[PDB]
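**Student:** Listed below are the residues making up each chain.
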Amino acid sequence: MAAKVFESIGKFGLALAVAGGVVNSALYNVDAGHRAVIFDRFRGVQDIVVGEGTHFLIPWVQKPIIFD
Amino acid sequence: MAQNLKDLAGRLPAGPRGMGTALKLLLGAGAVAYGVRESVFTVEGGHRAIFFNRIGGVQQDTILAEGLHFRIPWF
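First to last, the sequence lines map onto chains N and M.
For the first sequence, position 51 (counting from the first letter as 1) is numbered 51 according to the deposited numbering, and the numbering increases by one without interruption.
For the second sequence, position 71 (counting from the first letter as 1) is numbered 71 according to the deposited numbering, and the numbering increases by one without interruption.
Chain M with its partners taken away, still in its complex shape:
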């Protein structure tokens, strides 16, 4: 299966310089959009989805009444 991906990636036409940087920028934008989408969490109302601070445990003082609160991914 790895060799098939090898051939598929290789077969991409050797286009002029512009589209290479274009593809790099597109990948950057895709990753950034994915991160922005993921920074919000499963949220039902009737659930004060509080900030679980990574350090020190739960945020005993950060009591999330009804309101945006972006979870730092992996944090």
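One chain only, chain N, in its complex shape:
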């Protein structure tokens, strides 16, 4: 019984670490005075002005380019 608990806790910890890494990679800091532009490569550069604001950029799609 103990070994199963060990393995399950390890799997949960690994999943939590992966999720935390993804969440951290999904955020950006475009300092103010720099209004950001979403660097979305799905459907492009957002006429919807996503300026300053750490909007949740999905990884592999939206890299924060900092526009001053």
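These are computed hints drawn from the structure, not numbers from a lab.
We treat Cβ as the ideally placed atom computed from N, Cα and C, and that holds for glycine.
Treat the hints with caution; some may be incorrect.
As the list claims (entries may be wrong) - Here are a few chain N residues that sit away from chain M, every Cβ distance over 10 Å (derived from the structure):
1) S8
2) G20
3) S25
4) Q46
5) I48
6) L57
To be verified - No more than 25 Å apart at the CA atoms, straight line, and that leaves these computed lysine-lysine pairs for PhoX-like:
7) M/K6 <-> M/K24
8) M/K6 <-> N/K4
9) N/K11 <-> M/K6
10) M/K24 <-> N/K11
11) M/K24 <-> N/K4
As the list claims (entries may be wrong) - Chain N is nowhere near these chain M residues, computed Cβ spacing over 12 Å in every case:
12) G18
13) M19
14) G30
15) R37
16) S39
17) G46
On the provided structure of chain N, position chain M as indicated by the hints.
**Tutor:** Showing chain M alone in chain N's frame:
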């Protein structure tokens, strides 16, 4: 390196029920203290470190004269 951490975590003695909840509460308190410490920002006077509102950009109306103003972390 991961297996070493595996063995180190495993080797923690299987103590009675109390210390498990004690460790959980200690971790809670540690995280809370870290958050409280981080909610304040690098602050030099001669620098009106204003609130950068996450939404709408800079706070054009929130003009921080000399004064506490806690930055919401990641915000």
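**Student:** Confirm or reject each hint.
**Tutor:** Hints, verified against the model:
no.	hint	verdict
1	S8	holds, 14 Å
2	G20	holds, 13 Å
3	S25	holds, 13 Å
4	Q46	holds, 15 Å
5	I48	holds, 14 Å
6	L57	holds, 13 Å
7	M/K6 <-> M/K24	holds, 19 Å
8	M/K6 <-> N/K4	holds, 14 Å
9	N/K11 <-> M/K6	holds, 12 Å
10	M/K24 <-> N/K11	holds, 19 Å
11	M/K24 <-> N/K4	holds, 21 Å
12	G18	holds, 19 Å
13	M19	holds, 17 Å
14	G30	holds, 17 Å
15	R37	holds, 19 Å
16	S39	holds, 16 Å
17	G46	holds, 18 Å
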